[PDB]
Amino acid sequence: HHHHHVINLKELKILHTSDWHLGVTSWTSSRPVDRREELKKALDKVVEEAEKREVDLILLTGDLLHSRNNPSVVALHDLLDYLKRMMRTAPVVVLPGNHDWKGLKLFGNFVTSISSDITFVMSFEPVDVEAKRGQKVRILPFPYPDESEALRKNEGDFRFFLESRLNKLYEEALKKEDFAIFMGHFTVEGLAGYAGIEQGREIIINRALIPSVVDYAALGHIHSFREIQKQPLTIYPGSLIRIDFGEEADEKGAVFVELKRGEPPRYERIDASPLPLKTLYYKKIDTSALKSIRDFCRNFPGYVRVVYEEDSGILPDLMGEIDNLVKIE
């Protein structure tokens, strides 16, 4: 199943998905919920769409695995399974998120060398790939600065380092052939309604420093769908599930992007239809609140957290009674 060769082809169809967090079990400290079933249902939906829409290229922009250090065998198996499924649809380019195990890097470069349908980008060096219908795409990758996960330098020099990398990618973008695509794994500065670091050291990038001459800027790391800017089109697809409370109002899913030479890019969201989350708040846990909790959870198809401040004595066994109540705090 090799690439097609279409002459004078000015179109490129892209599936961009990110932040899978394969392996995640949520609320381990109160009621562990393995998110695998829900997550795979979403991934199957995304794979089916890429097939339906006959995409030319698939972009994976990191945090595909929940465990940055020691992913389980099941999570790794799921990842390789979906990578394989995607490769059968269109060539895949992978920009993994922050990781520590060298196993992914060794694996990545080897697999890239032996197959024309997958490319791992794990440095700042540009890569020229070929899409499903023969389109030439220059990839401009910006991963988490490795080795120096500890900066070993002040904020001024480090910012200048990041800024210098971005200027270099800009210059390399100018030497493109058909299309040029930026792939980044970081936090855009000044994100509207952004919670904060989910237990990690963050790389903060001003959106204006994203090379303006690229056709699409594919970003990952942020769990909410966000259209960052239009020139160049810069998007976080978001995660596929609602990973924790705080993500109740987010849009979750992937994106379909259509590029045409000489024309503005267009996109459509591929919504994951994730299970919903709800936080219930009460001044005090009384019979009025106690019935409010039971009532709500009864017809709610997602997971519920209860927060209350005032002491109410020994609570009744709500969690043993309500299967979708995953936390009381």
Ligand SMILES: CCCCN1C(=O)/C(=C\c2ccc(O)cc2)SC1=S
Second form
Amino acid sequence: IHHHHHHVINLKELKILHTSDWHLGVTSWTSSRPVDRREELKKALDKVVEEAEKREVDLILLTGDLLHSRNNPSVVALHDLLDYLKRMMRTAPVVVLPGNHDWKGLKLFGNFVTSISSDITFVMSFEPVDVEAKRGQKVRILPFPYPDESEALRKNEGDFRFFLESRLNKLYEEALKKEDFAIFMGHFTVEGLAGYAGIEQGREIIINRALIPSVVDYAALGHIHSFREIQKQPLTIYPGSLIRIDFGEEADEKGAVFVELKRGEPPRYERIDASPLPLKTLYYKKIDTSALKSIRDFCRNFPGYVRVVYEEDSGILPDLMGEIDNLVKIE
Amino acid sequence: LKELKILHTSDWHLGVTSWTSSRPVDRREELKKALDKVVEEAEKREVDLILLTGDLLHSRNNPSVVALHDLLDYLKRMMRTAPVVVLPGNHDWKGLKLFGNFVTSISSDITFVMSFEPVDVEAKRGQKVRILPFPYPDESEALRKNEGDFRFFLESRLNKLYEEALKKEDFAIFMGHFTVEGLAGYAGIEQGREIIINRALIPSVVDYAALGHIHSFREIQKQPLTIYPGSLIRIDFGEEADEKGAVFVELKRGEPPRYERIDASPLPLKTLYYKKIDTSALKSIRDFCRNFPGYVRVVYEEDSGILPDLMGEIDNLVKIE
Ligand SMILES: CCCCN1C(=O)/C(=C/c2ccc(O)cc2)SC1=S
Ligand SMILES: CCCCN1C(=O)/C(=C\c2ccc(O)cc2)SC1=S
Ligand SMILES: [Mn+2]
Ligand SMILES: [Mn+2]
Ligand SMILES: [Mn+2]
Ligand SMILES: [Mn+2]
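Would you mind giving the form deposited with the ligand bound, to go alongside the form solved without the ligand above?
Below: every chain and molecule of the assembly, starting with the one above.
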């Protein structure tokens, strides 16, 4: 058969796969017990790809930090990124909003790749782009990247806030000039995020969720590790990461999002669970004989990674990280 | 299909600034003009395949944003004319191999041959073209071996390419990035380690051998037809007498190949020779550079005391030796 897009007359539906924050190349807990997350991460990524093919999505949205290293990604990480980029392109057209990166050639290569393929689009600026989905649907993309060049704002918090609002207003005006569907893609922190620990060694951009253009069919956000349904109109979702990067994500549910849009109907979405390895933190005052029993008993049949937090040294501690290959951190 | 029209250009050196030690000159504007002329000629002749070899970027490992932009720009302009096959030169960046394979996988109008493995490509009119790539042996940029085991390694791959070239469909094209042994009128290595290959070891069973890495055009041999196209601009005064451009190659199954040189007409260079720099010499130098639309070098033999600031009063004079 053929392997290009279909063209269905008068089709007013759009199936979306939105995944985010892969962090390809991460090794966790380097200061205590380094753990290469690649195998677990590739397992989760395969699960998301398989779900995209089964549901026959029309469009794949990629946000957040797909690479863990901001400026020196390894060859293996780059290989995995390009590998999984191709695996999605074979399924449906891909739109990528690259996260916070420094390299200045990356925009040129992103524009080059976009120019030579009709199945992947890199949105590297604030300018809107019209793309074509798997079944011919015309989709207008409203991108809100991290304001590059001025990673140092070079201005007070008052002109900057008005600059961001002006960009959001322009995106609103461009979203009104839409054909079929319109999707917002943003790389920032929604104002007053509930249960959001804080910036993980980085400068954060804060945007009020009401400033997201209401006339878009979906708002695809990234940069935060935890899934969050920010609002319903417009439906605004952070998908979260695919693995639990650190123990702050112990209680998180990890995966991607399947969004279905229908003209005339309200949008609906399902969470695609990647079911990565679990995390557990064990708390003790001192590591006494009672604590040693609780640690060894829990870790023995726990299929994930364990952290132990204690207050005071009570003598010499046994080689717990030797008898327990599951124990990755004792502070 | 039993015909194949080829545009072969090489060694663009995008991003070069000439004569940095004396009077830097950004060659970008001149180079883009020459590149535009080659692109236009590819469209006019309606080539079926475009071959890119040599140093498309002047900087081996730190190309500027402007240079990278121009490279990707003219890559796209070539892809719009006919399918492109690129033999990238010696580079350090390790992502280059992954990105090259990625771009090749996602577009059916460009192919980056990043290894010794043969690749089959399809030309504009459906011609099946087998590419026999001979890149600079990466990893071992330091040979890590004597000249005897290394030479046998290279010969083994040329033999392998010969055997793979025999298993061809329509046409077979060799692409190599090396220096042919005993090049006639070849100054020498321009600040680099050279790999030397005897031209008789180029597999004779290919329809065309597209070479690069040399600034000056060379017809190495006719069976198999082996050509360096040369650079598109005169990078330095050693190329003063060179004619610069690309090569248009026409192949016909069963017939001998023929080629035409496509003149890019870049700026001319001129070297002025004097015994000593006397007052008559300054007048002649200033008068010549005033009406010369290119770049001028002055070399003189005898110390002539202090000479006026010729490189200040003459924006045309780029080098005094
Ligand atoms: C798929 C692109 C194919 C063409 N192409 C490049 O993108 C290159 C890039 C490069 C980048 C950094 C550096 O330090 C040296 C080279 S070289 C080359 S050919
Ligand atoms: C999150 C989307 C990322 C998309 N993306 C890259 O980041 C690429 C290459 C790269 C190379 C060197 C470096 O330091 C950083 C990046 S190529 C490509 S597509
Ligand atoms: Mn981020
Ligand atoms: Mn993140
Ligand atoms: Mn070279
Ligand atoms: Mn060269």
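Numbering follows the first chain given and starts at 1. Between two forms, the rigid core is the largest collection of C-alphas that superpose within 1.5 Å.
Asks: Once both forms sit on the same core, give the Cα displacement of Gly103 between these two forms in angstrom.
Replies: Its alpha carbon moves by 3.7 Å.
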